[PDB]
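Colleague: Construct all of the structure, not just a fragment, from the sequences and the given hints.
These are the residues of each chain, in order.
There are 4 protein chains.
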Amino acid sequence: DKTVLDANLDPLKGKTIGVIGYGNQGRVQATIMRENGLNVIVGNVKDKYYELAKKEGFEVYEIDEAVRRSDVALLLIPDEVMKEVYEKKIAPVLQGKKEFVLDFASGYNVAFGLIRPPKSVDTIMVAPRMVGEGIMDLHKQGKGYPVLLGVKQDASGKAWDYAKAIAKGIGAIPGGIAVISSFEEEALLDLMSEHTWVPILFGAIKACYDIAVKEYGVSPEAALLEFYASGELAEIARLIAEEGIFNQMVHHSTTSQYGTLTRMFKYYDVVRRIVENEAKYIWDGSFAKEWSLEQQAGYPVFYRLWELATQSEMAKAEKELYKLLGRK
Amino acid sequence: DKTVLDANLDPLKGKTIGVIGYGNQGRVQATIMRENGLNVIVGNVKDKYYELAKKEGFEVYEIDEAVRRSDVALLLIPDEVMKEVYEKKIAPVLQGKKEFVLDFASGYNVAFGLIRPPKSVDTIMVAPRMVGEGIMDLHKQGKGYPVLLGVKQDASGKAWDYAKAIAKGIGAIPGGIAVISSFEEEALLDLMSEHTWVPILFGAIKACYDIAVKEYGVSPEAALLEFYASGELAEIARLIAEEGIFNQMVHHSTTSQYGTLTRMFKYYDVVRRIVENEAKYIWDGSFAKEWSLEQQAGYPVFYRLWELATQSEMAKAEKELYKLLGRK
Amino acid sequence: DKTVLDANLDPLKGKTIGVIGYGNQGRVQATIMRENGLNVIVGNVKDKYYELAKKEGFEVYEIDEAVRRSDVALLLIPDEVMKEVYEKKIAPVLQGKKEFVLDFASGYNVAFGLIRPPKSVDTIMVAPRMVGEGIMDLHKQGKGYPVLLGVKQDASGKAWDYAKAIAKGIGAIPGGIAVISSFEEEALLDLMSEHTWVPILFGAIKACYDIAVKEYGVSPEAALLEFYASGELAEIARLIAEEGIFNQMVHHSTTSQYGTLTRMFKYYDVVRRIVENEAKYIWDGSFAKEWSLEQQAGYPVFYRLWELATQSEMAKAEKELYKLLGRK
Amino acid sequence: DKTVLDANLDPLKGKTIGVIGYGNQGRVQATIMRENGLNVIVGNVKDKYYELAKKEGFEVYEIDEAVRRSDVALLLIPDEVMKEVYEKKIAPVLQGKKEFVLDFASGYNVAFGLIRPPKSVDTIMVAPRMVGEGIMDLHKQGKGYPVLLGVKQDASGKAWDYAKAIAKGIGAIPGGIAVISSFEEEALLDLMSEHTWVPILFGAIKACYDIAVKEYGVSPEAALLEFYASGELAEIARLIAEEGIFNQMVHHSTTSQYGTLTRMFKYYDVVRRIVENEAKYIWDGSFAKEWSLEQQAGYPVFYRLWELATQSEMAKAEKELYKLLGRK
Ligand SMILES: [Mg+2]
Ligand SMILES: [Mg+2]
Ligand SMILES: [Mg+2]
Ligand SMILES: [Mg+2]
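Residue numbers (the authors' numbering), protein chains in the order written: chain K, 2 to 329; chain B, 2 to 329; chain A, 2 to 329; chain E, 2 to 329.
If you're looking for bench data, these hints aren't it; they were derived computationally from the structure. Take these hints with a grain of salt, some might be off.
What the hints assert, rightly or not - Computed Cβ-Cβ distance ranges for the label pairs, DEER-style:
1) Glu244(K) x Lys215(B): 37 to 43 angstroms
2) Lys49(B) x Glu291(A): 58 to 64 angstroms
3) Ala92(A) x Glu321(E): 55 to 61 angstroms
4) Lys267(E) x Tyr259(K): 45 to 51 angstroms
5) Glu291(A) x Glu243(B): 27 to 33 angstroms
6) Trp307(K) x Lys49(B): 47 to 53 angstroms
7) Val251(E) x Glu291(A): 49 to 55 angstroms
To be verified - Calculated pairs, DSS-like style, for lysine-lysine (alpha carbon to alpha carbon, straight line, at most 30 angstroms):
8) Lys3(K) x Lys153(K)
9) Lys84(K) x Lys84(B)
10) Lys90(K) x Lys317(B)
11) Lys153(K) x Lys56(K)
12) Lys317(B) x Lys281(A)
13) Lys141(E) x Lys16(E)
To be verified - To be clear about the criterion: a stretch of chain E counts as covered by chain A if any three or more of its residues have a C-beta under 8 angstroms from a C-beta of chain A, and this derived list gives those stretches:
14) 166 to 175
15) 292 to 306
Just so you know, even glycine gets a beta-carbon here, dropped at the ideal spot from N, CA and C.
Modeller: Following this line, the structure appears as structure tokens:
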């Protein structure tokens with residue numbers, strides 16, 4: 002449809018490639034890049050990660066050095082450490098370079114205007130789709146892992162070609178798919194995930210535990226063993242990624258199927274309203290504001306909630322148990 | 002009533018006059034001041050505006066220089082660039098000068114405590130009442146344009162005299178009126194305007210367009226030509242400023258009058274509640290907090306909303322059309 | 002799209018042209034017509050307007066005479082004086098003429114069945130888009146002013162050609178656009194305008210004034226000078242018609258932009274509901290009934306509301322002030 | 002306060018006095034006028050009332066004749082027969098006379114714009130305050146009966162003098178009071194009375210009867226004898242007009258006082274809301290529209306409701322009873 006199965010590595014050999022960051026994503030993607038027959042330069046703060054950088058025989062310049070000698074760059078560092086790096090070591094160096102390309106791994110800091118490069122350069126995006134560490138093995142196998150991509154600013158016109166060449170140069174394709182889209186969409190999706198069906202799930206589990214062991218005289222042990230302390234969910238998720246979310250259910254018992262489907266169609270509207278609210282709250286921009294402020298203030302709420310969770314009942318029972326199984 | 006038609010230029014000749022800013026308001030008011038037989042000194046950042054400053058043969062000192070050699074000063078720069086200037090180049094220099102006068106063009110940054118000068122000096126206000134560029138021509142004609150004024154701090158007692166002398170020295174009077182009031186009132190009014198009947202109007206127009214071209218099969222063209230792409234509203238606003246808001250309507254058709262009046266008296270209560278809410282939200286101070294934070298965060302929401310607007314349907318249709326008419 | 006930029010003056014020379022009315026619209030459009038090299042006949046009541054008619058050297062027949070000698074006619078008189086003229090001096094004369102064309106300036110009296118000509122004739126529409134007097138100058142310049150047009154009844158088939166020829170013969174094009182549409186749409190639009198965002202605006206202004214000068218101790222003077230007694234709105238409306246509703250805002254201060262956009266997106270749903278209600282109320286036909294009855298009864302409500310408005314506080318304060326400025 | 006106890010009969014002798022109408026109010030007030038040493042002319046339709054007119058030795062001209070020979074006139078005919086008389090026999094004759102005075106007995110037909118005389122004349126009001134027949138006897142005694150008065154249009158300036166002279170010429174003063182007010186107020190008051198506490202009272206009585214004789218097994222006879230078939234209410238109303246609404250209650254039993262006061266203060270808010278609604282509905286003008294339409298339609302609802310009332314149970318029982326007492 003709006004997909005590409007494979008493409009050319011046409012321009013990105015004859016130029017240098019800047020990789021800013023050597024952590025979860027930077028180190029890995031750079032490993033793959035070097036594997037793809039490319040010229041490694043890696044600008045990074047001379048901290049622990051620097052060891053890490055040069056513990057794989059790379060050219061670890063400092064950030065300014067890298068971009069100066071680079072014709073293209075990647076910002077694979079996280080979203081919150083940025084806006085300081087950019088202003089300090091980058092924003093200045095931009096004005097000299099003019100045929101420079103800037104790519105990201107997430108449209109967050111750019112889809113909300115937190116970063117506004119000059120017109121001189123081209124602005125694109127490319128996104129992996131899993132835990133970071135999870136890509137290592139899937140490439141070790143050598144099977145395609147998919148990505149997204151989008152463009153914000155095309156002064157040259159080679160933008161799309163650049164995007165596809167990079168997608169290939171990281172090996173996401175062949176084997177996987179590459180979808181054309183925008184930044185807005187990417188960020189929207191990541192945040193809808195992190196905001197809608199994860200926390201709901203967790204809260205529902207928590208409530209089930211509370212109810213059982215507060216109003217029906219159950220011991221924590223059975224509650225935990227049922228809800229999550231068993232590896233059921235893992236097999237479920239796996240079967241989903243292989244056969245299909247629904248068809249998967251064929252491998253369960255009927256009773257389960259009936260109750261599940263009924264209750265699902267019975268509650269759709271509620272979660273629908275919820276998701277509408279949250280997606281709107283995002284599309285506007287409120288959440289980015291909220292989070293930037295929480296960073297500027299000292300991460301208080303973060304702390305309090307981590308504490309409440311780790312100091313609730315379920316967590317202590319889980320500690321006892323996981324200890325009993327030897328699980329760390 | 003509480004008005005003055007004309008007053009004396011008594012003290013403000015024998016002193017120097019500091020004008021901080023040379024933009025929309027500073028450049029203009031300083032033009033008029035020099036026209037009034039006065040001594041021009043203009044402290045400004047040595048940026049583009051500096052050219053602008055000295056492209057009219059003024060004494061462009063730097064800010065500190067100006068205030069040092071000034072006995073009175075004006076802050077005609079915007080509201081958001083301030084609180085940095087004040088702390089850096091001003092707050093220090095205050096402690097030396099003691100008979101110094103400080104005047105503003107808006108009570109925003111002072112009515113909410115964002116600025117608290119020392120007791121040594123006198124604190125006043127004086128406010129024009131239009132687009133800035135709009136005052137240029139109305140003076141080119143030489144007809145009075147009105148203003149406000151208020152006082153916050155009077156250590157001498159000459160405050161009011163100073164205010165009136167300045168009002169005259171900028172030419173707002175003769176010909177216009179000068180109202181005594183406070184800062185609170187001025188800011189409250191500006192913000193009620195910017196928050197209540199402008200955005201409501203825009204949203205209503207937008208909704209009318211959406212409804213028509215989504216549920217009655219109209220083409221954007223007619224919708225736009227009716228609602229705003231015609232210069233009707235301009236003639237309306239003009240007739241208002243000349244005859245009176247209501248009496249104006251005499252020049253319309255009856256049908257229009259009937260429907261308008263009916264619907265107006267039919268919906269008063271709703272907008273009343275709304276305006277109450279917003280005015281309270283302001284009187285408290287919440288909005289200033291909100292906005293200062295949005296500045297500290299990176300203007301995200303600003304950006305997203307500019308995008309949504311400029312990337313909605315109505316805007317694209319309007320672009321097509323205005324192109325068709327040759328309008329920029 | 003569904004637009005025409007210019008067209009032919011093909012049939013409308015070789016026939017006579019009936020203009021019923023010589024007021025805001027009739028006199029003007031007839032001026033332009035005579036300017037376009039055409040044969041002027043003007044049926045009008047022998048009242049003041051008759052002087053007016055023949056104070057421009059026209060052939061002022063009486064209505065019946067005009068239509069008798071006309072092959073085509075225009076009803077540029079208002080909407081409420083009609084339904085008496087039609088029945089008395091027109092409906093009879095129709096039955097003789099058979100290749101007769103009938104055009105209007107508004108679909109009100111025909112979109113609601115208040116007028117139902119015989120099948121013998123062709124029924125069309127053509128609509129200017131401003132105050133009437135406002136077209137005079139825009140033609141004096143000679144730049145296209147746009148219109149609408151639609152058809153109700155085509156016995157010949159030349160209808161569209163007739164419509165376009167007339168549009169050209171009044172000079173709306175070249176320079177402007179001409180949109181094909183129906184009557185329903187035209188009337189719907191005019192009334193949505195006159196019912197939704199005008200009265201809302203007025204009521205909001207009124208409420209702001211009331212609130213300020215009743216609960217925060219402001220004097221009427223400043224309230225008025227802020228809200229409307231300044232020509233701000235005029236410059237706003239003008240910039241809209243030139244650059245675009247939104248892009249316009251660039252010439253304002255940020256703060257204004259932020260507050261405006263926020264509050265706009267915050268209240269959209271309310272005005273949406275309102276506009277839905279009113280548009281439905283119209284689409285049905287209720288409003289036409291209401292208004293025709295109010296005419297049959299003696300225009301009471303009209304009177305009472307004119308009084309309330311002209312005898313409210315804001316109006317008296319405005320009178321004092323506008324007197325103070327010399328404004329009539 | 003805003004009252005006058007007695008005044009001069011200064012201008013109104015040396016002019017003729019037009020009395021349009023010879024019914025409840027016209028015949029009576031004209032009787033008093035002739036008694037006051039004045040020149041009787043009475044324009045009236047040559048119907049039964051004409052006999053009536055000239056059965057008291059008056060100069061019964063026809064309407065046009067009267068006004069032609071009159072310098073001042075009174076419209077003491079009802080409110081619904083008017084707007085036909087005015088247009089037919091009056092509106093024309095106005096344009097000749099220029100120092101003419103026009104007075105009314107109710108601001109209804111003028112406070113709602115149903116009548117708009119030319120600027121040439123003076124427009125005033127004067128209002129009796131009881132049943133019409135009730136004034137006959139109170140003058141037969143010769144004790145002052147009060148009135149209102151107001152002005153709408155004063156081209157001369159003698160208006161107020163004219164009003165007071167007339168008030169005296171009808172004998173309302175001396176002995177009574179004359180209050181200055183407007184038309185709006187007069188009409189508003191009459192209608193609030195006719196709309197708020199009369200119908201409420203009637204409906205409450207009706208409901209009490211229904212409840213008793215439907216849910217507690219009472220016979221109509223006792224219900225009627227208690228509620229209204231006894232002359233209690235008459236003595237109550239009389240004592241009110243003499244001592245005072247409240248002080249009156251002293252002549253009752255305590256129990257009654259206690260229950261009455263309690264329940265009164267217990268229900269104030271409800272009737273308050275009601276009265277607000279109705280007074281607004283009037284102040285606007287809606288009711289006049291409603292009523293004029295009901296007249297234009299054929300008085301249907303009037304008829305149906307008269308029937309329902311006269312054909313309800315309470316009415317039949319009352320007929321039986323009043324027959325039993327011989328009361329007509
Ligand atoms: Mg993520
Ligand atoms: Mg402002
Ligand atoms: Mg119209
Ligand atoms: Mg009455």
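Colleague: It remains to establish, for every hint, whether it holds in the given structure.
Modeller: Do the hints match the structure? See the list:
1. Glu244(K) x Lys215(B): 37 to 43 angstroms: 41 angstroms, holds
2. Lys49(B) x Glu291(A): 58 to 64 angstroms: Roughly 59 angstroms apart at Cβ, these two residues keep to the hinted range, so it holds.
3. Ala92(A) x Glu321(E): 55 to 61 angstroms: Given about 60 angstroms between the Cβ atoms, the range holds.
4. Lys267(E) x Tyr259(K): 45 to 51 angstroms: Since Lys267(E) and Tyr259(K) have Cβ atoms about 58 angstroms apart, the given range 45 to 51 angstroms is violated.
5. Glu291(A) x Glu243(B): 27 to 33 angstroms: Given a distance of about 32 angstroms, which is inside 27 to 33 angstroms, the answer is holds.
6. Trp307(K) x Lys49(B): 47 to 53 angstroms: Holds, at about 49 angstroms.
7. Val251(E) x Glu291(A): 49 to 55 angstroms: 53 angstroms, holds
8. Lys3(K) x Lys153(K): 18 angstroms, holds
9. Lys84(K) x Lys84(B): Holds - the C-alpha atoms of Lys84(B) and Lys84(K) are around 22 angstroms apart, at most 30 angstroms.
10. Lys90(K) x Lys317(B): 38 angstroms, violated
11. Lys153(K) x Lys56(K): Violated, because 35 angstroms separates the two Cα atoms, which is more than 30 angstroms.
12. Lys317(B) x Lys281(A): At roughly 27 angstroms apart (the allowed maximum being 30 angstroms), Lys281(A) and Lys317(B) satisfy the hint.
13. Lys141(E) x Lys16(E): 27 angstroms, holds
14. 166 to 175: That given contact is violated, which follows from only 0 residues of the region 166 to 175 of chain E lying within Cβ reach (below 8 angstroms) of chain A.
15. 292 to 306: holds (count 3)
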